Structures are given as structure tokens and as C-alpha cells.
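Following the hints, put chains W and X with the ligands in place on chain L, whose structure we already have.
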Amino acid sequence: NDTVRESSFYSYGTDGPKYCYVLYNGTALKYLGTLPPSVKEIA
Amino acid sequence: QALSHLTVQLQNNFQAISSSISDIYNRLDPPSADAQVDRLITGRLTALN
Amino acid sequence: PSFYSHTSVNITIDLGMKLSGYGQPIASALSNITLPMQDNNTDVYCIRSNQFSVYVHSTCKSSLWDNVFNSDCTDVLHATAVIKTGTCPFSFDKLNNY
Ligand SMILES: *[C@@H]1O[C@H](CO)[C@@H](O[C@@H]2O[C@H](CO)[C@@H](O)[C@H](O)[C@H]2NC(C)=O)[C@H](O)[C@H]1NC(C)=O
Ligand SMILES: CCCCCC/C=C\CCCCCCCC(=O)O
Ligand SMILES: *[C@@H]1O[C@H](CO)[C@@H](O)[C@H](O)[C@H]1NC(C)=O
Ligand SMILES: *[C@@H]1O[C@H](CO)[C@@H](O)[C@H](O)[C@H]1NC(C)=O
Ligand SMILES: *[C@@H]1O[C@H](CO)[C@@H](O)[C@H](O)[C@H]1NC(C)=O
Ligand SMILES: *[C@@H]1O[C@H](CO)[C@@H](O)[C@H](O)[C@H]1NC(C)=O
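Chains as they are written, first to last, in PDB author numbering: chain L, 380 to 392, 399 to 428; chain W, 1117 to 1165; chain X, 528 to 625.
Isolated chain L (complex conformation):
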């Protein structure tokens, strides 16, 4: 629910924008963006 800095971890660890990341060793490696409201399938 909050932006995570590069090579960092979530600070506070429900309703609002969600920022998605790829984690390798508990640290943010790639930023994927916000979750769009119209996701219908993930392959």
C-alpha cells in the first residue's frame, strides 16, 4: 500500500493504490507499477 525505495524493504511490515515490486532477497529489485483497476487475467 506504500511506495518502497529501490534495494529497500517495506517499512510498516488495505484500501487504496497498490505498488507492486519484484523481491530477490527481501529488497526491492524492480518496480512494476501500480495495480490497474481492470485486471482480468494473469498468464
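In short, the hints are calculated from the structure, not lab data. Treat the hints loosely; a few may be bogus.
Here are some, though not all, of the chain X residues that point toward chain W, as calculated from beta-carbon distances under 7 Å [stated by the list, open to error]:
(1) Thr607
(2) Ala608
(3) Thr612
(4) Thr614
(5) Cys615
(6) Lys621
From the three backbone atoms N, C-alpha and C, an ideal C-beta is built for every residue, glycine too.
Just chains W and X with the ligands now, kept in the frame of chain L:
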């Protein structure tokens, strides 16, 4: 079919890096860009003929 | 969307010039190219950030038919380093064009 073929002929590279003139001018210096664009010009003229 | 991380790549080109017997400036093949230091070396540089920019810094020196560059280039022997496309599908000056 004739119009369809004429329209689809615009995707031919004609031995160039790209079929988009804007991409060529955004990726290359003008001296090389002109040489790249000349091939597309010739191919499109042949298709029109 | 992506992370923001910018890297500047400075390429240093040291040129050697001389005067030929016909009165024309000749650029020596002993000119040196220096890349930013990476992994304890300065000959290969790979981009490891999301965004990058490229810059060229040129220096000029002169010798007298002895490959001993110890004097600054004069008005006749002054030269500037440039990078041309060659065989690449893109030019160096267009690398900063997204
Ligand atoms: C490019 O670098 C080379 C060395 O890699 C320089 O050649 C040396 O020059 C010094 C004096 O600056 C001499 O004492 C050495 O004997 C030279 N070494 C060799 C192997 O020739 C060269 O001068 C540099 N070129 C320019 C234009 O700066
Ligand atoms: C749920 C875990 C993975 C989430 C990944 C989210 C990252 C990027 C999403 C990009 C936008 C997708 C848009 C799909 C098209 C549409 O909006 O209909
Ligand atoms: C995200 O959730 C945590 C835990 O409830 C909360 O402390 C924080 O304020 C939230 N952040 C935002 C931007 O809403
Ligand atoms: C992962 O991070 C931990 C600290 O959170 C560190 O001790 C460990 O060495 C890291 N592992 C790798 C494989 O880098
Ligand atoms: C490259 O040179 C510029 C000035 O031209 C300087 O500000 C910058 O820090 C240099 N980059 C590196 C990585 O040293
Ligand atoms: C790089 O070289 C330095 C000395 O210049 C040395 O201390 C260091 O260990 C080297 N790095 C390596 C081997 O990863």
C-alpha cells in the same frame, strides 16, 4: 485486394533498419538517415508504379 | 514505470597530432580512449542503471615525428574528438534520444 496489398506494402523495410522514417531520423545522424530513407523511397515508388 | 537511477558515462579521448612534410596535420594512431572505471578496469563498461547519458571529453597534444607528446596543440594542429556511426545501426549523438 488491390488496396489491401498497396496498404500492406508500407511495412517493407527494403533492406533498411526500419520501415518508419521517424524512427530512422530519431536513431541516426542525417547523413546516414538520408541513405536509409532513399531505399524506402525507391521501393514505395516501385509499388506505386 | 520503473525505478529512477541515472548514470553518466564520460569518455575521455586524448588525441596526438603532428605536422607532416606536406604541411598538413596528421592525427596519431596512438590516441588513447579512457572509459569510466568498472570492476577494477577501464576498458569495458556496461550500463547497470535504468537511465544513462553519454558525454565525450577531448584533449589534444602534439609531438614531432617521435611519438613523444609533450606540447599543447597549436592553432593548425588543434583538433576535437568526435564519434561517428560507423557500422552501428544507431549514432552516438542519438543515444540520449530515448
Ligand atoms: C597514450 O598512452 C600511451 C601509454 O599507454 C602513451 O605512451 C607513453 O608515453 C609516455 C610519455 O607520456 C612514455 O614515457 C611511454 O614510453 C609511452 N609508452 C609507450 C608504450 O609508447 C602515449 O603517449 C599516450 N598518447 C597520448 C596522445 O597521450
Ligand atoms: C498481482 C501481481 C502482479 C501485478 C503486476 C502489476 C504491474 C503492472 C500492470 C501494468 C498495467 C496492466 C494493464 C492491463 C490492461 C487494462 O488496464 O485493461
Ligand atoms: C499502509 O498501511 C499501513 C499499515 O496499516 C499504514 O500504517 C500506512 O499509513 C498505510 N499507507 C498509506 C499510504 O495508506
Ligand atoms: C540477504 O539479506 C540478509 C539481510 O537481510 C543478508 O544477511 C544476506 O546475506 C542476504 N543474502 C544474499 C544471498 O545476498
Ligand atoms: C562526468 O562529467 C561531468 C561533467 O562533464 C560530471 O559532472 C560527472 O560527475 C562525471 N561523471 C562521473 C561518473 O564521474
Ligand atoms: C581492486 O583493486 C584494489 C586496489 O586498487 C584492491 O584493493 C581491490 O581488492 C580490488 N578489488 C577486487 C579484487 O575485487
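Now the hints, each set against the structure:
Using the Cβ-Cβ criterion of 7 Å, the hint placing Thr607/X at the interface with chain W is not satisfied: the shortest such distance is roughly 16 Å. Using the Cβ-Cβ criterion of 7 Å, the hint placing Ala608/X at the interface with chain W is not satisfied: the shortest such distance is roughly 16 Å. Contact between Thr612/X and chain W, as hinted, is supported at the beta carbon level, the nearest pair being about 5 Å apart and thus within 7 Å. Below 7 Å, beta-carbon pairs count as interface contacts, and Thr614/X has none with chain W, the closest being about 11 Å; its hint is therefore violated.
The beta carbon of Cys615/X comes no nearer than 9 Å to any beta carbon in chain W, farther than 7 Å, and the hint placing it at the interface is violated. Checking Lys621/X against chain W: minimum C-beta separation of about 6 Å stays under 7 Å; hint holds.
In terms of the numbered hints stated before, the structure departs from hints 1, 2, 4, 5, listed from lowest to highest.
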